[PDB]
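For this depiction, one protein chain was excluded, whereas all remaining protein chains were kept in their positions.
We just call them A, B, C and D in the order they show up, numbering each chain from 1.
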Amino acid sequence: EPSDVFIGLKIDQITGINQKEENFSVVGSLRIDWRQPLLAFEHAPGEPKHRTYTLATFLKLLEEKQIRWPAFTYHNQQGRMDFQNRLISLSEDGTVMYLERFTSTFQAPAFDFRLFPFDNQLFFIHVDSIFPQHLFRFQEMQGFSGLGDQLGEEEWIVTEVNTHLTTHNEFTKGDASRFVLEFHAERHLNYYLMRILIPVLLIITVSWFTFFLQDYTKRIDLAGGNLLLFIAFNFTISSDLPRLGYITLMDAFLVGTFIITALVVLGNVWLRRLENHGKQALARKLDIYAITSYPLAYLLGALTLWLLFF
Amino acid sequence: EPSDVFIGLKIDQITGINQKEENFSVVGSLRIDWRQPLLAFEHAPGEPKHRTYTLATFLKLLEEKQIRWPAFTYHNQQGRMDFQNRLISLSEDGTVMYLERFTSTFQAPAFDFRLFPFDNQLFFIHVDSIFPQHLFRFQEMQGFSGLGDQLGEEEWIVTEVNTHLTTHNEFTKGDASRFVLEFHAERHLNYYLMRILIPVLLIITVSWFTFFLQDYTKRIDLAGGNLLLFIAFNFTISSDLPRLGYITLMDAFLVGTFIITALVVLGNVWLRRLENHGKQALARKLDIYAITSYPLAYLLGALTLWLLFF
Amino acid sequence: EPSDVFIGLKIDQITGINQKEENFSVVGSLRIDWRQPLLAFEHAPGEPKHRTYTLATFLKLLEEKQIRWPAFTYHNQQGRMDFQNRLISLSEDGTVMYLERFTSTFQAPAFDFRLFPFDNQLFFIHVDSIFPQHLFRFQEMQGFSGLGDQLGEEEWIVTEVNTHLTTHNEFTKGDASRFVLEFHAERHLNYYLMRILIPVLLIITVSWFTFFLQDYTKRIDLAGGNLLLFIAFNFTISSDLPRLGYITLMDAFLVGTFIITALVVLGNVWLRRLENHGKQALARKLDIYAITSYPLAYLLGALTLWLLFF
Amino acid sequence: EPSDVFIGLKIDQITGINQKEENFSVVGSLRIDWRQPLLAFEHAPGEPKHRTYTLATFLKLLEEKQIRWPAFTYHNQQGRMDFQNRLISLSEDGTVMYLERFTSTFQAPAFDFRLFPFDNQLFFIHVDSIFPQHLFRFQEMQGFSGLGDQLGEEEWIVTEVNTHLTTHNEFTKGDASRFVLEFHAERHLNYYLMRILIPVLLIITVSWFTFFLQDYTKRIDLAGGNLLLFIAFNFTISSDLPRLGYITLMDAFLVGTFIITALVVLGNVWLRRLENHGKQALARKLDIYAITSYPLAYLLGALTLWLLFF
Partner (left out) sequence: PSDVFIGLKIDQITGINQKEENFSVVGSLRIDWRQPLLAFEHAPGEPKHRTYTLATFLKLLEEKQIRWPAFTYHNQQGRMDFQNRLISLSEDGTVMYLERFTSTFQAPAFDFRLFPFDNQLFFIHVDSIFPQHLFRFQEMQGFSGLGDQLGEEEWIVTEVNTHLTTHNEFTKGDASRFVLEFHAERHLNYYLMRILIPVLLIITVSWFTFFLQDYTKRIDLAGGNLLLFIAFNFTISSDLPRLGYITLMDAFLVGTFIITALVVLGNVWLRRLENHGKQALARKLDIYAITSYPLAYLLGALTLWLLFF
């Protein structure tokens, strides 16, 4: 028969979410409760009912007693797992109580940037049993798992936390236990608002003010430089994300500003071409269309993305 | 009955405060005094009264003697704790004297940037007992804890240091001991003064000098470029802080310079529109308002933030 | 006679491909099946048929029993290999079942950037036996090796995976076993399209629009600044790659835009020289060649690279 | 009575001096000579007179023999100390000869940037005895300590090296031994000359050449842009240093160039105001003061800092 292994995982801290590398880093406590009757002991009156062991004088004790421990792996772990505590408390009964306090980076392969910066992402930790379900079965330790109240994350906001059990077939033919701690998080848009939206809108709005000067060459010079600024913002955005094979909402927004700016250059080239061919009165009458085209083009673009993405 | 565990923590160095990641790094010495009568030993005349042990031939000795040690965790620790010394001195009495010399990063979740750069922050180290208060009780080792006199921090300045004891319920149902070393620090404004305030004020002041040239087009070109400079300073500031979900005093200050610059472009567009419509004498008379508006707008903005934040 | 050592390697994650350092990083599981009759054991009825050991109480057991283990090296490994699990399961038969779960960077010396960004690269992991083929022979463990289905890589896309066995002569005179896990990957061009192709083409296209203004000095100023922008893009590209001794397709493309821009400056200098020497009507008639030269030069350049590289 | 512990420290390499973090990194060899009569041994003819031990089979031997070793700490150490060698040679007499070869970062709290880049700094390594002077007394091992002849540092130049012994009271009530290896280093100014002084002087000198063009508007545009360049150099300098609470010689120099540039804008605004009010002949006569003011202002500024700092 298989022995129940009680898994508990609690994330105390979110040391950071690195979206360029699609991983996240946490400070967490792993807790296991496992009754092995073979590990039970007799104690004399006055002698302790609970034996405290350092993993691995405990592992050395299991090898001596020829006992198999529920060897597990953090399936989505990355790099070094820095440990704080690896402590065992063994009761008279044979109940092993294990605590693993660590700092570690975990793969975040659920990353979908299609609606960035208005995106919601799934983050998880996979705890897998190396041995199959006929030997060990993972159970949910109640009263433990979840996320703490001082995570330290400022950009992200955790919407919900879940825990569940599933099978995996990594090293075995037969099903093996897998404990899952999942959490969903959405973004605080303040950074994007203050650094990208407000500046891009300002550049567009104050550039439109200069249309009231009625100098077509000055408009052309202005839209030309604006195009370079947007190319620069394009690089600012691209630095936050991986080199994706798909278009983001932000990417569409920037390509949109390129297209409109390109057309602003094209249109004011036409009006100045009229002035150059002795048709200044015509260009001055059409100028109302040039002045009102600019806000309509950006308002048409904004409605196009909002439709294409929502 | 529970055994008193005497906790002492001393920060020798502040290797740095990383406000983007909301953590801090220290070189510290942890000192513990714990009397365990079971660890007492008899010595022969001439033989040593104090046994010196490396943790973990000492831990190996505790496991042998079936003794439980006051297992603790640095609750707000992050990543690897690099140790320099982990030494035990055991007296005939059974008094364990432990010294833990380490370098470590700790979570700084008390970070409030709302008044940045005029902010004061709380930094702490949490030392928690894994075992509850019925087994072990943390006591304040007197004559030890605090901060050193060569911390090596140049930007921050420590205003006060405190030590206190409280309960926690991390791994247990019942209350467990927690030692706290807390310190408050404020910022040296010289960097912000020299690199952000003086340059932003200079750009504004020398830009106003050119109003005395009486060229409205030149003013428009100047305010336009100034707006781009402020957008660049906006990115310079944002690089120092996390991607916060809230507005800082600095953020308000930069948004303020955007608004005024936007209006300077708008106003000088109007004056130049008057000149273009054969009303140069009118624009020249109103020019006194345009020239005196600029300093009043920035002085009105400065009083608005100072009221909105103080 | 030689003993068959069954090698299995599975890449769970591609933590990243760093093309500037020509290496890649993976999370992988190494699996070995090796029957050593000398390690066989007798067990009593009811006692376990499978002994579970931590490498290296298992290594300590081999040294005791004076047995030589199939010592191996990851030949193309770089830096620290962070281990998650190093576990042995020893059957009554003497069948050692070893699992090595690790995170590691590996040298990528197969990097050929000549057709970048339209390049396809070879990535491999070399597992070598330290002892020669007369002692140990590597065999392909079936049902294991390959790449997982949640690699987490966004820019690269794996085209095919292969496993094979070959000889090496690293530390021995005679041939020694080598297990090879190879994979080919091509690039998602979306990043290059959105950040380099679209911006470079936009700068060129909107710059051509201004030719319709018929101001030769303005064209010269525009081409001059465009040349500086391309020099800046040249640095943006160079930051992605190592300091190669050869020319890439991208390098040819940028040098191409330099040459054409240099000639645009040269040509419009000539047309403006005609206007300056009272030959404005001649320069205006030739202007059709100057306006249609620009698109033909870039279209001629594009066909030259496409021929020179394909 | 107390036992003499002979301390020797030799820095082989300066892997770098990081002035932003106020620390330095070295590759060093620590050498200790300590006679413990209790460790003396009898050897049979033919058997070795010197026993070679790995620290810590040697430490395991001390714990067995119930002997206390002169436990020490590198007081100003930071982070991980990567060890190369930790070897003991024990003579028949009981003379322990210890060698500790390591790479480590050390706190540099003596950093005074007030005269940067013409500054001279103190760098030290503190080796402290954990046990007081009644048990162990540190002595200077002669013929060892100092700095090597291939340190590998290119910017800094070591002026002098010193070694001395003092007391500390870190973990004890009574005085405890402290070994000090101190060195003074000054900076090679070539980087600052080539990248900051020559460029800033060039910008100022070639900008003055254009005064001979007699275009006041062109001067205003030039001084305005020069001010932006100095603001950029201001950021270039600030990146090298910590966010100090005090003004450096460099900071004064940059603030100086801001003030003069601000005044150049102010003065040429006045001359152009004269020209605009039909007083061109007056502005042309005064122009000699404007042309000779510029070099006098920068020469007056240079004498002010040189007095204020020397």
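One rule holds in what follows: a contact is a pair of C-beta atoms (placed from the backbone, for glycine too) under 8 Å apart; a residue touches a chain by one contact, two chains touch by 3 or more.
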| item | value |
| --- | --- |
| Residue among D:120, D:159, D:190 or D:292 touching the omitted chain | D:190 |
| Selected residue (touches chain absent from view) among C:6, C:53 or C:74 | C:74 |
| Touch criterion as defined above, residue of C:247, C:299 or C:302 at the omitted chain | C:247 |
| Among D:115, D:213, D:282 or D:296, residue touching the chain not depicted | D:213 |
| Of D:35, D:101 or D:279, the one touching the omitted chain in the full complex | D:101 |
| Sites on subunit D contacted by the missing partner chain, in the whole complex | 12-13, 15-16, 27, 29, 31, 47-48, 50-54, 57, 80, 82, 84-85, 87, 99, 101, 103, 150-152, 154-155, 157, 188, 190-191, 194-195, 198-199, 202-203, 205-207, 209-210, 212-214, 222, 229, 236 |
| Hidden partner interface residues of subunit C, rising order | 21-23, 56, 59-60, 62-63, 66, 68-69, 71, 73-81, 107-109, 111, 130, 170-171, 217, 220, 224, 227-228, 231, 234-235, 238, 242-247, 251, 255, 258, 261-262, 265-266, 269-270, 272-273, 276 |
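The criterion applied here is as follows: only the chains that are shown with their structure count from here on.
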| item | value |
| --- | --- |
| Subunit A-subunit B separation of Cα centroids, rounded to whole Å | 24 |
| Pairs of chains satisfying the touch condition | A-B, A-C, B-D |
